[PDB]
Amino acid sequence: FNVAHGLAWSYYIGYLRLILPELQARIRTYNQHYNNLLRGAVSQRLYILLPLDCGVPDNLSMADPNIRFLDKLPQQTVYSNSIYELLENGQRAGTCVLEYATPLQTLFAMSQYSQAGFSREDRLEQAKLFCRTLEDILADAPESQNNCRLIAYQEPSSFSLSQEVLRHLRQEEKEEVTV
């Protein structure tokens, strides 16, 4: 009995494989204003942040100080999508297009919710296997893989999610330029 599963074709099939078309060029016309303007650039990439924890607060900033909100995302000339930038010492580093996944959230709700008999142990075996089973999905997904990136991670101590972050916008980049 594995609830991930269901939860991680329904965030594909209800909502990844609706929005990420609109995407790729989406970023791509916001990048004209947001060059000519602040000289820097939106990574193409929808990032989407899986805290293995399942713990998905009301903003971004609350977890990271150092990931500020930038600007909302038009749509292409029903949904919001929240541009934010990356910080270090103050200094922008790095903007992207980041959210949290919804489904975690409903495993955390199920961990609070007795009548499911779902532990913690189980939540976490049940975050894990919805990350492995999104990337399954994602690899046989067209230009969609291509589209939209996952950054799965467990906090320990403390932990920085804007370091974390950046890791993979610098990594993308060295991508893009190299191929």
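Residue numbers count along the first chain shown, from 1. Here, rigid core means the biggest group of C-alpha atoms that superpose within 1.5 Å across both forms. Compared with the form deposited in another entry:
Here residue 33 counts as shifted, since its C-alpha moves by at least 2 Å between these two forms after the core is aligned.
Residue displacement note: residue 116 has its CA displaced by at least 2 Å between these two forms (rigid core superposed).
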The other form holds:
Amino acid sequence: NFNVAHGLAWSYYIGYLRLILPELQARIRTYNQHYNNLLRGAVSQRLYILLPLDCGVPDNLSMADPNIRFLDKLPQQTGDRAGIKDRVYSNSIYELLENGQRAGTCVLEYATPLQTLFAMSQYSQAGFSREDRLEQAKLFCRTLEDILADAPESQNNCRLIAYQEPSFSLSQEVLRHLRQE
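And the form deposited in another entry, for comparison with the form deposited in one PDB entry?
A single chain, with no partners or molecules, comes next.
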């Protein structure tokens, strides 16, 4: 069942990343210059993409870690897509707390196809076991990294954060990637 995660990764590139990454720096600059609080640190460049290998993808990031707190939305990106006039692509900005204080600010989200792998393992008609789910999650991330390595749209625009939970700190995991830049 190689083909499942392979297709989901290509889908994620074709239907999302290649569309939004080219416009993301401009959107962040606009946020930083026009909407961001005058007294706060700039939003980091780059979309940070969370890849939990157990495909546990909560809708609310504050569920996964208290130290990750919603700050604001970027300006919306819209475009006609497959018969939908002005389909909306939206991204959320988070503050990352270290010792009750802001250590970082970045555009952050989960790779939503990992939600599909999770659900497919829960639905009997999908014919996809829980054991194949880790293997698929890993294959998804490899394929995605292979794609972005060749992608002209990835111009230091994008950072993948793969992780496994065995207390694990997600905010620390993100701060580690954020400080490397």
